[PDB]
Amino acid sequence: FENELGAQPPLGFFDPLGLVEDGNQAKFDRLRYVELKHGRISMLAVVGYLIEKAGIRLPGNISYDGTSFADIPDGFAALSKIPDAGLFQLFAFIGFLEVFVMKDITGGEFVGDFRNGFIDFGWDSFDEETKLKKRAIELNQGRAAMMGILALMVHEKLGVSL
Amino acid sequence: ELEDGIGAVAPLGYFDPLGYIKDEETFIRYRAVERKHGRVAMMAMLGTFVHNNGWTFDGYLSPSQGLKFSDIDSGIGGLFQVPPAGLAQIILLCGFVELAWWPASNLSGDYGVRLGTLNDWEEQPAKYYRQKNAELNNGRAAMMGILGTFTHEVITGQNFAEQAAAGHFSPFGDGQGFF
Amino acid sequence: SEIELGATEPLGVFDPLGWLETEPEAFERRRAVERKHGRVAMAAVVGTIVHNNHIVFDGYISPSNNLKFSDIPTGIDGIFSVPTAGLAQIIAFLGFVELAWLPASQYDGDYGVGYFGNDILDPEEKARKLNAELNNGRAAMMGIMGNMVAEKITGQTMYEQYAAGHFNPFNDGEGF
Amino acid sequence: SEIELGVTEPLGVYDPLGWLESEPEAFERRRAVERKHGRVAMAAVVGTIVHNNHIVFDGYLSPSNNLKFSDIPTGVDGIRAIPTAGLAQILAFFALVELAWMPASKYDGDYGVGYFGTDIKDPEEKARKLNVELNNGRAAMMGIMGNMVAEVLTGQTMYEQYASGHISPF
Amino acid sequence: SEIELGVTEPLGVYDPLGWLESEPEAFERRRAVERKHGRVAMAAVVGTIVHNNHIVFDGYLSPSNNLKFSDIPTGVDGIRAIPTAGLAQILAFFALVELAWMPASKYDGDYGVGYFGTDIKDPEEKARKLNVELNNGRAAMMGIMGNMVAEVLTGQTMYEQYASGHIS
Ligand code: CLA
Ligand code: CLA
Ligand SMILES: CC(=O)O[C@H]1CC(C)(C)C(=C=C/C(C)=C/C=C/C(C)=C/C=C/C=C(C)/C=C/C=C(\C)C(=O)C[C@@]23O[C@]2(C)C[C@@H](O)CC3(C)C)[C@](C)(O)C1
Ligand SMILES: CC(=O)O[C@H]1CC(C)(C)C(=C=C/C(C)=C/C=C/C(C)=C/C=C/C=C(C)/C=C/C=C(\C)C(=O)C[C@@]23O[C@]2(C)C[C@@H](O)CC3(C)C)[C@](C)(O)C1
Ligand SMILES: CC(=O)O[C@H]1CC(C)(C)C(=C=C/C(C)=C/C=C/C(C)=C/C=C/C=C(C)/C=C/C=C(\C)C(=O)C[C@@]23O[C@]2(C)C[C@@H](O)CC3(C)C)[C@](C)(O)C1
Ligand code: KC1
Ligand code: KC1
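Protein chains in written order, with the numbering used here: chain P, 1 to 162; chain W, 1001 to 1179; chain F, 2001 to 2176; chain E, 3001 to 3170; chain V, 4001 to 4168.
These aren't lab readings, by the way, just hints derived from the structure by calculation.
Every residue gets a Cβ at the ideal spot worked out from N, C-alpha and C, and that includes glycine.
It cannot be assumed that every hint is accurate.
To list a few chain W residues with every Cβ distance to chain F over 10 Å, as calculated [said to hold, decoys possible]:
no., residue
1, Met1045
2, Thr1117
3, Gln1124
Mimicking EDC-like on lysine to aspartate or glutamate, the simulated pairs with C-alpha atoms at most 16 Å apart in a straight line are [unchecked claim]:
no., chain 1, residue 1, chain 2, residue 2
4, P, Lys131, P, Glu21
5, E, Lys3126, W, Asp1120
6, W, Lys1127, F, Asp2015
7, P, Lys53, P, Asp124
8, E, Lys3121, V, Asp4119
9, E, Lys3121, W, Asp1023
10, E, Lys3126, W, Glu1098
11, V, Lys4121, E, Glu3133
12, P, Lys27, F, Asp2015
13, E, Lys3121, W, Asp1058
14, V, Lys4126, E, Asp3071
15, F, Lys2129, V, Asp4110
16, P, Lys81, F, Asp2119
17, V, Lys4106, F, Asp2110
18, E, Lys3106, V, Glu4009
19, E, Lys3121, V, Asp4110
20, F, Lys2129, V, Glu4009
21, V, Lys4129, E, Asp3122
22, W, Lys1127, F, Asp2110
23, F, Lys2126, V, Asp4119
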């Protein structure tokens, strides 16, 4: 596991702990799957935190109930003031994504390739050099975003300005 | 039947420990009795389960004697609570089954009672051996249970609802027997 | 056979620790443990619905102790509120069932009784209900565990919690 | 088959008119009448059980006529105390049953239903239950006829003959 | 096969559009729609019977919105009395039925459950009762398509259509 997507000009195949010092491909492609699973969530979570800290909201009225978007606080307190009828809808639809439409249904050519032949914004117009660094970008962009988003939440509960 | 091994179930096998089967013709007589006694004593055990639970019919068993269903004892004396004009009806119907409909002279015990898809013995013969052994085994356990139910009322004087209300499940320290 | 059942459509043969390729000699006992843990949890999940719906029998489970059946709590403390002479009668009978009647050293789980008595005549209608026992058994393992940890964390039983409407863990008083 | 279906144990081929050999082809018609007279009379016996046991439908059978389910009698006068618009609904719906649905021309008896949905696969068990329907059908023809002669000579229903103590005619 | 399975004696094939060999390979889906539309209409018409017989569930549908089970109307607007988390729970669960467990894409109509659990071995036993699943589905399809035009044109629901003398 010397030369693939995590191998890296500052730190090539870091691996400090006792994870993959064997030839088990199935151990690696499970761990590679979750690393971009955590990265793709945390990339939207860095942006999803900093639009709430900047105070940007949807144009109002999250419910017919008389609660607007600006009434809902930012950070961990957003979870407590979202109406519970709508907080089921967030967990049910993300569950609807994570069960049904988020998958290697048809078989991609790598791990995390969830194009089932349904949606594709190109991926043919690359020169086979640019494909594997452009998903080495989103591995490392997803790498820094999950240490980014973990910093935003350890310091919200601490109260430290960032 | 001996060759299928109908009564011989897996804890004890061919449990004839005192040596009573000395040929094949006296097994068919004994199995005809054991299966018949087991069928009677199974309905006798479901009786004592229902009687001692207080589940009675509503109304009068004998309105000309004024005897309600509620004032029949749930114990060993409850059958003879019943007027003899009434249980002559029980003996005459049960005697008519024993001679005409399910003739107890039939030593095979088959009377054609088939409840079809719950016993499709022709396509699952293992279900035949399961239901044939369980008719004997539930009949043997209920034969000893009704001998249990009978003598527990005799030696204590209380029926099963009364000796379970008192917690009287030990023949030691009570005023009954020499123990 | 047995090594391909337990593997249904959304994941296939699912073993992230890889003990099928690594230790195949331990699989048929581990299937027997999975099937037994399933069948125990299925009666355990069904029991929690029946207890918390206040379906009780009547009278006293222990008249010496003056302890009714409705005096039993409907949560985790219910089997431990039963007196010790009563719990010893359960475990002695359940050990009679798990060693003599349905001996759990028999690892194919097959004890003479079929599916409602019948042997499944088809081989893959048999494999479909063999997978449905495993999948409902695996779902009930998470169901009884998800009912035990969520009682001891929220402090209330399943009737108590549902009466109170304590369903949202984000706007109550809890951790996070 | 079919001709060996009314022969159980005691009297066998019991026939004191010789209509065995008198007309052998007019049997498949007469057995179909025997099976339909049995199925009618069997449901009529159990009907007189449940009527005289005072199991009622908890309502009004014709609120325009102002009679409710618990005031028409549980005896012979039951379908005399039914309005003719309701009696026209009974004979028009079973007109759809007796010819359009499972008919009476179909002398096989064998419509599509079988015994509780399913076929009996043993022929000896199937021929056993076929005698049972005939036997219980034949006993209920005597049974339901002896139930309504016994109430038109008495003047009381089944329920009042029993609750009175008026059982034995002597 | 799947071609014979819907024909009975008083109409036979009965194809006034003639769509049997005019587009014949679109059968295999539009039987699967008729079986689907059948099964959802007979489950909705035996539900309309039990709604108007007042068999309701003893309790509260939503205590947060103060909705008893007797609060809901027993008619066409009874589906609208469901709250917003109520029918979010309906299509979240039945998305796991219609795609995953009982995939409505599967045009066989055969999801391994049989008729009360058994697979009907006799081929004209089971050809008979798939004629029944279609025929009772067809008669239920204008069963409550004639019930909802029977409420929206007189206003009342079935329980007060019958407790009025308003049948004829
Ligand atoms: C109705 C009474 C009755 C009869 C006629 C039989 C007959 C038979 N049993 Mg069964 N059995 C019975 C009741 C009966 N059993 C009961 C109640 C139990 C539970 C304890 C059993 C448990 C049992 C097992 C596990 C097996 C049999 C087997 C047999 C067959 C072997 C021969 C034999 O041992 O005869 C028994 C001898 C006699 C009946 C004559 C002696 C009569 C005695 C002296 C009367 C005194 C009894 C006493 C008053 C009360 C006894 C109970 C007491 C200990 C508390 C034979 C067909 C075997 C078999 O079927 O193999 C294929 C077998 O494996 N029996
Ligand atoms: C009315 C319906 C009806 C019909 C159409 C049949 C037809 C048949 N029966 Mg069945 N049977 C019936 C009812 C019927 N039975 C009843 C109620 C009983 C007594 C419980 C029997 C007892 C019986 C036995 C034991 C046997 C048959 C047999 C037969 C078959 C041979 C021909 C025969 O002897 O018929 C009889 C002739 C007729 C029914 C035509 C009408 C004759 C008169 C007019 C009837 C009226 C007499 C009297 C007024 C009735 C009063 C009854 C009561 C109030 C006293 C034939 C298919 C045999 C069979 O099944 O062979 C395989 C056979 O062994 N029958
Ligand atoms: C604390 C305390 O005291 O306890 C409290 C706790 C709590 C939780 C608050 C309570 C509550 C409220 C609750 C839980 C309410 C839940 C209600 C529930 C469970 C409502 C089901 C709806 C589904 C429907 C209508 C299906 C339509 C289905 C249709 C139209 C179909 O066609 C289905 C289908 O399958 C067929 C039939 C045919 C197929 O061809 C096609 C498909 C596959 C699609 C109580 C009662 O207050 C008690
Ligand atoms: C005007 C009014 O008010 O209406 C009145 C009408 C009327 C009539 C006055 C009323 C009454 C009183 C009634 C009807 C009372 C009777 C009730 C009933 C139902 C009585 C069944 C007893 C059978 C028993 C105990 C069986 C023993 C059977 C035994 C011990 C066996 O082993 C049977 C057997 O099969 C097996 C198991 C094994 C086989 O190998 C062989 C045999 C055959 C041996 C009412 C209620 O007051 C209301
Ligand atoms: C004259 C002649 O030649 O005829 C020929 C010509 C012709 C016409 C071309 C041909 C055709 C095709 C036909 C007839 C097609 C018609 C198909 C049809 C009629 C299909 C019904 C769908 C209904 C469903 C799915 C159920 C909805 C209702 C549901 C799901 C409910 O929940 C019920 C509800 O009450 C509750 C329980 C709860 C509420 O919250 C919701 C509501 C209120 C709704 C034929 C066959 O060749 C015959
Ligand atoms: C062989 C026949 C038999 C007798 C004669 C008998 C009698 C008593 N049972 Mg037992 N019992 C079984 C069989 C028998 N029990 C079986 C097959 C099971 C299923 C596993 C079972 C389960 C429990 C549980 C959970 C409890 C229990 C009790 C009592 C106690 C009530 C009086 C009292 O306690 O005042 C009396 C003596 C309670 C208890 O022991 O309380 C300290 C209690 O909690 N039983
Ligand atoms: C499903 C469609 C349907 C409707 C909509 C409907 C309506 C009425 N029926 Mg009902 N009916 C059936 C079906 C339907 N009926 C069926 C399948 C049967 C079994 C064959 C049947 C049997 C009887 C009997 C015995 C009686 C009866 C009555 C009424 C009357 C009540 C109010 C009134 O009194 O006008 C209204 C109009 C009574 C009657 O006609 O009283 C004059 C009466 O005695 N019906």
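Results of checking the hints against the structure:
no.: 1; hint: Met1045; in the structure: holds (18 Å)
no.: 2; hint: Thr1117; in the structure: violated (8 Å)
no.: 3; hint: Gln1124; in the structure: violated (5 Å)
no.: 4; hint: P:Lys131 with P:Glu21; in the structure: violated (27 Å)
no.: 5; hint: E:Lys3126 with W:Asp1120; in the structure: holds (13 Å)
no.: 6; hint: W:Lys1127 with F:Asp2015; in the structure: violated (36 Å)
no.: 7; hint: P:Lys53 with P:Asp124; in the structure: violated (38 Å)
no.: 8; hint: E:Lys3121 with V:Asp4119; in the structure: holds (15 Å)
no.: 9; hint: E:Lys3121 with W:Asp1023; in the structure: violated (37 Å)
no.: 10; hint: E:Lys3126 with W:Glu1098; in the structure: violated (24 Å)
no.: 11; hint: V:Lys4121 with E:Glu3133; in the structure: violated (25 Å)
no.: 12; hint: P:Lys27 with F:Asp2015; in the structure: holds (11 Å)
no.: 13; hint: E:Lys3121 with W:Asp1058; in the structure: violated (42 Å)
no.: 14; hint: V:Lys4126 with E:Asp3071; in the structure: violated (45 Å)
no.: 15; hint: F:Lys2129 with V:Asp4110; in the structure: holds (15 Å)
no.: 16; hint: P:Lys81 with F:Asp2119; in the structure: violated (55 Å)
no.: 17; hint: V:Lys4106 with F:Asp2110; in the structure: violated (33 Å)
no.: 18; hint: E:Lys3106 with V:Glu4009; in the structure: holds (14 Å)
no.: 19; hint: E:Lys3121 with V:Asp4110; in the structure: violated (25 Å)
no.: 20; hint: F:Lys2129 with V:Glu4009; in the structure: violated (37 Å)
no.: 21; hint: V:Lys4129 with E:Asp3122; in the structure: violated (22 Å)
no.: 22; hint: W:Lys1127 with F:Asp2110; in the structure: holds (13 Å)
no.: 23; hint: F:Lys2126 with V:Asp4119; in the structure: holds (11 Å)
Against the hints set out earlier in the document, violations occur for numbers 2, 3, 4, 6, 7, 9, 10, 11, 13, 14, 16, 17, 19, 20 and 21.
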